[PDB]
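*Asks:* One letter stands for each residue in the lines below.
There are 2 protein chains.
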Amino acid sequence: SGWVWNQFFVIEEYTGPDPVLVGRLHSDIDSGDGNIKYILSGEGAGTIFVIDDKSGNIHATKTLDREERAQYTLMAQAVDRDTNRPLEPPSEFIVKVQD
Amino acid sequence: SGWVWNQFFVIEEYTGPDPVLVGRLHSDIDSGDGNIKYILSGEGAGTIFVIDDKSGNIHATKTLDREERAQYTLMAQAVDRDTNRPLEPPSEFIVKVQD
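First to last, the sequence lines map onto chains B and A. Read left to right, the first sequence gives residues 0 to 98 (the authors' numbering). Read left to right, the second sequence gives residues 0 to 98 (the authors' numbering).
Isolated chain B, as found in the complex:
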């Protein structure tokens, strides 16, 4: 419908050594049995942004400076914990570092 909902943000001074919550990848088919696995990839994945593939929560790990980088494009995936076959179609989302 043209609404845009697939972005998170981190309000920056909150960033540093201590990990802060960015957001949660989540499919509506996740019954909570923990048999779906969330795969994060893209800009800053596995360094700046890290995910728990059971809970789907993304954290920021470093001090971030909006001047150096305004935002990051990451890719979401939801695959089955055992077949590893995609449930949801992979989709991009953006993380915006806040002023």
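Hint data in this document are derived by calculation from the structure and do not stem from the laboratory. Hints may be right or wrong, so weigh each one.
For chains that are exact copies, the list does not tell them apart, and a pair is met inside one copy or across any two.
Straight-line Cα separation of at most 20 Å, EDC-like style, residue types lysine to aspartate or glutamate; simulated pairs [said to hold, decoys possible]:
hint	residue 1	residue 2
1	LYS53	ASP98
2	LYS95	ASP27
3	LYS61	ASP17
4	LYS95	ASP29
5	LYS53	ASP29
Put chain A on the given structure of chain B with help from the hints.
*Replies:* Relative to the frame of chain B, chain A by itself:
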């Protein structure tokens, strides 16, 4: 698809008498010329949660406690700034008060 992008969150220990950024409403028909007006409705709209109807930035105005309220369900709308004709269908979104 079944991806869920329409929930913001607020970390408890940042809420207070200082407004915290919650999220941005945004349509892709927004051309950044201020002709689209962002409207918020439902639980806490216009008290707890406040919008700038031009940028679409949402803010939390109060301390929040997930013990008292885990969750706020609200409604996002967009109208033409002077005709007030809706430009999008309403879209429900929820804000989660984070542990």
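*Asks:* Could you run down the list of hints and mark each one as holding or not?
*Replies:* Against the structure, the hints come out as follows:
no., hint, verdict
1, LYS53 to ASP98, "between (31 Å within a copy, 18 Å between copies)"
2, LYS95 to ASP27, "between (24 Å within a copy, 16 Å between copies)"
3, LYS61 to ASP17, "within (7 Å within a copy, 25 Å between copies)"
4, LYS95 to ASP29, "between (26 Å within a copy, 18 Å between copies)"
5, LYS53 to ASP29, "within (10 Å within a copy, 35 Å between copies)"
The structure meets every hint from the earlier list without exception.
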